[PDB]
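Number of protein chains: 4
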Amino acid sequence: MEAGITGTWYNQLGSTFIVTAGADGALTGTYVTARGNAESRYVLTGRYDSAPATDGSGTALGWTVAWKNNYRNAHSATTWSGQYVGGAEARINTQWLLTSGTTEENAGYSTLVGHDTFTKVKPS
Amino acid sequence: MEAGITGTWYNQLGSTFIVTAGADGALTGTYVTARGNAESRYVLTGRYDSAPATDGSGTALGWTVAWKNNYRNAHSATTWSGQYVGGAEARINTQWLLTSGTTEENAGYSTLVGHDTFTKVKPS
Amino acid sequence: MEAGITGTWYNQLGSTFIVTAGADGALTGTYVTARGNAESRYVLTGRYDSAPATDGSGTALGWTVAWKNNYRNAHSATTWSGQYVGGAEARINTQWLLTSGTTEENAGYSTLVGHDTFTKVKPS
Amino acid sequence: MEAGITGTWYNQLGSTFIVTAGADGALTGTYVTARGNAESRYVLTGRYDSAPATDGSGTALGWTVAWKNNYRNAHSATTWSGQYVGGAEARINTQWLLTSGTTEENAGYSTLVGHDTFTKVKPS
Ligand SMILES: [Cl-]
Ligand SMILES: [Cl-]
Ligand SMILES: [Cl-]
Ligand SMILES: [Cl-]
Ligand SMILES: [Cl-]
Ligand SMILES: [Cl-]
Ligand SMILES: [Cl-]
Ligand SMILES: [Cl-]
Ligand SMILES: [Cl-]
Ligand SMILES: [Cl-]
Ligand SMILES: [Cl-]
Ligand SMILES: [Cl-]
Ligand SMILES: [Cl-]
Ligand SMILES: [Cl-]
Ligand SMILES: [Cl-]
Ligand SMILES: [Cl-]
Ligand SMILES: [Cl-]
Ligand SMILES: [Cl-]
Ligand SMILES: [Cl-]
Ligand SMILES: [Cl-]
Ligand SMILES: [Cl-]
Ligand SMILES: [Cl-]
Ligand SMILES: [Cl-]
Ligand SMILES: [Cl-]
Ligand SMILES: [Cl-]
Ligand SMILES: [Cl-]
Ligand SMILES: [Cl-]
Ligand SMILES: [Cl-]
Numbered sequence: 001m002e003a004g005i006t007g008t009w010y011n012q013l014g015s016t017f018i019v020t021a022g023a024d025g026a027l028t029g030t031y032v033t034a035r036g037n038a039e040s041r042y043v044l045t046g047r048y049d050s051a052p053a054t055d056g057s058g059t060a061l062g063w064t065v066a067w068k069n070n071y072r073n074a075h076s077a078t079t080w081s082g083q084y085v086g087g088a089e090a091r092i093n094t095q096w097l098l099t100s101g102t103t104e105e106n107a108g109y110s111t112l113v114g115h116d117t118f119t120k121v122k123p124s
Numbered sequence: 001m002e003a004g005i006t007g008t009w010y011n012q013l014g015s016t017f018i019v020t021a022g023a024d025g026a027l028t029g030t031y032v033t034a035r036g037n038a039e040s041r042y043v044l045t046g047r048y049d050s051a052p053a054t055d056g057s058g059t060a061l062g063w064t065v066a067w068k069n070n071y072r073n074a075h076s077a078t079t080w081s082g083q084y085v086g087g088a089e090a091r092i093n094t095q096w097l098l099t100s101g102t103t104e105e106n107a108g109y110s111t112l113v114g115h116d117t118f119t120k121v122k123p124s
Numbered sequence: 001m002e003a004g005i006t007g008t009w010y011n012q013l014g015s016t017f018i019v020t021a022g023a024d025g026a027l028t029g030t031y032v033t034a035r036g037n038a039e040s041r042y043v044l045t046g047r048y049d050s051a052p053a054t055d056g057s058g059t060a061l062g063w064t065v066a067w068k069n070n071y072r073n074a075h076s077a078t079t080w081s082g083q084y085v086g087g088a089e090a091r092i093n094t095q096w097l098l099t100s101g102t103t104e105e106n107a108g109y110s111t112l113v114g115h116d117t118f119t120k121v122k123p124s
Numbered sequence: 001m002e003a004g005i006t007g008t009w010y011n012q013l014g015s016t017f018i019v020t021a022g023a024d025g026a027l028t029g030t031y032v033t034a035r036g037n038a039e040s041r042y043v044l045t046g047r048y049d050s051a052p053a054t055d056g057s058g059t060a061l062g063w064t065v066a067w068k069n070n071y072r073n074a075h076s077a078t079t080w081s082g083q084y085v086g087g088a089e090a091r092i093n094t095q096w097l098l099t100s101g102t103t104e105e106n107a108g109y110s111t112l113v114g115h116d117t118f119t120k121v122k123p124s
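Protein chains in written order, with my numbering: chain Y, 1 to 124; chain W, 1 to 124; chain R, 1 to 124; chain B, 1 to 124.
Some chain Y residues close to chain B (C-beta under 7 angstroms, calculated; not the full set):
1. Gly-108
2. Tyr-109
3. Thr-111
4. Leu-112
5. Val-113
Please keep in mind that the hints were generated in silico from the structure rather than gathered at the bench.
All C-beta atoms, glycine included, are put in the ideal place defined by N, C-alpha and C.
Just need the whole structure built from these sequences, with the hints factored in.
Here's what the structure looks like:
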């Protein structure tokens with residue numbers, strides 16, 4: 001269990017996610033891209049690794065969004081890998097990989113990499 | 001639905017996973033590290049993006065394993081991002097990020113990157 | 001030629017580099033880690049791709065530091081890949097890979113990934 | 001000095017590079033893409049970290065190619081980060097980042113990630 005993960009998080013570019021952390025390591029919820037209607041909402045699922053933190057170490061986690069809903073099918077999926085830190089400056093610091101379905105010929109250029117910082121309050 | 005994903009896949013280093021692809025984009029199953037007893041089995045969850053493939057393009061997907069079970073708590077989690085290609089040379093080509101829980105001071109060095117190729121038959 | 005690259009840049013964690021951009025795409029200079037004496041100075045070399053910017057697009061570049069000098073031999077090297085943007089909010093936004101020399105057995109865990117933002121003035 | 005690095009290396013997809021390892025950590029040479037005429041040749045520069053190998057550990061290195069020559073200007077640059085291992089199965093195992101110059105709006109999707117294995121003899 002890591003109750004501090006459960007809730008709404010915002011990246012610095014206008015996306016949102018609402019996650020529930022389950023007692024035995026499940027992450028489930030919804031990822032909302034910058035626009036922010038039903039057209040913009042996607043299922044997310046992942047896992048987190050709770051431990052008896054010894055040195056206010058972060059909590060490791062990851063999740064996936066496949067970019068398909070009732071309004072869009074981007075032929076793509078993103079995974080985020082990172083850690084949650086609680087407290088007054090609570091954050092989920094992540095790196096992400098975005099893979100698109102490609103032909104074999106273009107498979108070398110299938111995967112973008114980047115980073116996201118999620119906070120409990122919106123940027124700007 | 002992408003029925004060809006469902007089943008057992010092997011990386012080139014001795015790990016296994018058994019996944020079920022659900023009809024509306026869910027991935028669920030178990031990841032087994034090289035040793036291969038109950039000590040070595042972990043929950044995995046992820047998502048895939050099925051589409052009406054136009055040019056035998058791959059199917060985008062991702063999943064997460066938190067490295068905690070009844071026998072180990074590695075304070076870590078890995079995400080795989082990649083694509084499934086079916087047929088005679090079926091494969092899931094992936095890149096992965098492995099994040100460990102760290103102190104703030106060591107947060108810069110929290111995340112390893114690499115790659116895995118999964119096939120329907122074992123290597124060697 | 002991209003004269004705006006030439007000079008001193010600071011990351012948000014206390015490192016510095018002083019680079020010269022050569023007329024035909026060379027980057028040469030010195031990278032200084034957080035402490036900031038001779039013990040902390042390393043050779044850097046890389047390349048940049050100048051073009052007749054059409055839409056204030058960034059300038060692609062990359063460089064390498066091998067973490068060996070007269071005072072340290074970390075058995076490691078980092079590459080930065082990113083783009084330079086000039087003007088009032090000048091920056092070099094980068095992602096980096098840090099590889100350590102390993103045994104074959106540990107080769108899978110050889111490479112860390114992260115990100116750095118460089119600015120013309122120091123953080124904080 | 002690491003004399004075993006100096007020479008010609010081939011990736012598994014038809015590219016070539018010819019590198020010279022200098023005595024004090026310099027890498028210099030030429031990268032040739034799959035086609036393989038003057039149109040396909042680019043300057044490379046990087047660094048390697050030589051050390052008194054204790055356990056046949058690899059040698060850490062990195063290099064950059066800006067994708068501009070007299071025939072092409074791709075507004076891009078790739079960095080490779082990896083390690084050299086000598087002997088009967090000599091190889092340079094790498095991960096790479098490819099960044100394109102973008103607008104600010106598209107900066108999030110500027111950087112592709114992948115992997116290359118270089119050997120002394122051609123694939124296939
Ligand atoms: Cl986002
Ligand atoms: Cl749970
Ligand atoms: Cl959307
Ligand atoms: Cl929907
Ligand atoms: Cl494609
Ligand atoms: Cl962000
Ligand atoms: Cl970030
Ligand atoms: Cl594995
Ligand atoms: Cl489903
Ligand atoms: Cl294990
Ligand atoms: Cl278990
Ligand atoms: Cl730590
Ligand atoms: Cl593999
Ligand atoms: Cl692979
Ligand atoms: Cl640094
Ligand atoms: Cl030059
Ligand atoms: Cl240092
Ligand atoms: Cl020195
Ligand atoms: Cl090692
Ligand atoms: Cl930074
Ligand atoms: Cl950054
Ligand atoms: Cl190549
Ligand atoms: Cl040299
Ligand atoms: Cl070319
Ligand atoms: Cl040329
Ligand atoms: Cl662009
Ligand atoms: Cl390759
Ligand atoms: Cl490879």
